[PDB]
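Chemist: Throw the hints in and build the complete structure from the sequences for me.
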Amino acid sequence: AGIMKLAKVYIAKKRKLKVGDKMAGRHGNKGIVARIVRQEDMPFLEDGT
Amino acid sequence: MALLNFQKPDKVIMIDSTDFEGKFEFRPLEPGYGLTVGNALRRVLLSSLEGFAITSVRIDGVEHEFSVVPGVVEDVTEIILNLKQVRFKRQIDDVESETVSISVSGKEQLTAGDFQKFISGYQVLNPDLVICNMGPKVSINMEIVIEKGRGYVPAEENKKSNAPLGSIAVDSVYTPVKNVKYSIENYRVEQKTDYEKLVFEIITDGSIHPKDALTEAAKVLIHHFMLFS
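Which chain is which? The protein sequence lines are C and A, in order.
Here the first sequence is numbered in the authors' numbering, starting from 1026 and rising by one per residue.
Here the second sequence is numbered in the authors' numbering, starting from 1 and rising by one per residue.
Think of the hints as simulated: they come from the structure by calculation, not from any bench.
Be a bit skeptical, because a hint or two may be false.
[Stated by the list, open to error] When the alpha-carbon atoms are kept at most 25 Å apart in a straight line, the in silico DMTMM-like pairs for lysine to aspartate or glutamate are as follows:
| # | chain 1 | residue 1 | chain 2 | residue 2 |
| --- | --- | --- | --- | --- |
| 1 | C | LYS1039 | A | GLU190 |
| 2 | C | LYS1041 | A | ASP16 |
| 3 | A | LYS219 | A | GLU147 |
| 4 | C | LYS1038 | A | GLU143 |
| 5 | A | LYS23 | C | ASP1046 |
| 6 | A | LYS8 | A | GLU190 |
Modeler: Shown next as structure tokens:
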């Protein structure tokens, strides 16, 4: 009552993972992404992966 | 002039190499130099090599990436994520950017090879990659833009202010190297068994040959180390 028109606008936000986002496992290991490290600097196995 | 007794290699030897995998050797090396050369080359290979990927996509009748094309099982988001996976190898020299208009109809599956009949300057290296499943009566008219870049450029940076309406920018993973693995084995030269032998295993996407990738990484390393003259 008292409203002649109802206007709605939906906005979709695609949010990538970034520093400060909260990640957690299924065992209570919550945490905050501190650094997005280049794949060249990240530890690699004997197979180069 | 004191560099007399440092045993330096003569060449780099290619054991086995395809357009996608290559195995290389580097010997003889002074102790500790194998790790230096291998790690520098691995970092430059996984970091700075150029490549080709898609920057913009426009599907007819689709205004935003959160919509659906009639008759297509996959939404526009999944189509975009699949389009991100297409790999290109340059066929015509000096071609840095190309606009491809794609019109596919009468098929039950849109594969990356269907883009090849419309692409002139680039070659699709994985034509078996499925973009989307459609009905036999679905006509798909899409426009993709292929550009040259390095590393990773997010879709936010790829957004052009003069792009036509309905153009959807996409994330671009330009890197051509999938994996670099190196090993260091001892090598015996005459009486000394302490010399080192370097083994290189490079997996590429096919856009750049492993030997060419090694050469370009070495070129970057030389360009960086000349500045200390």
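Chemist: Report the numbers of all earlier hints that the structure fails to satisfy, in ascending order.
Modeler: 1, 2, 5
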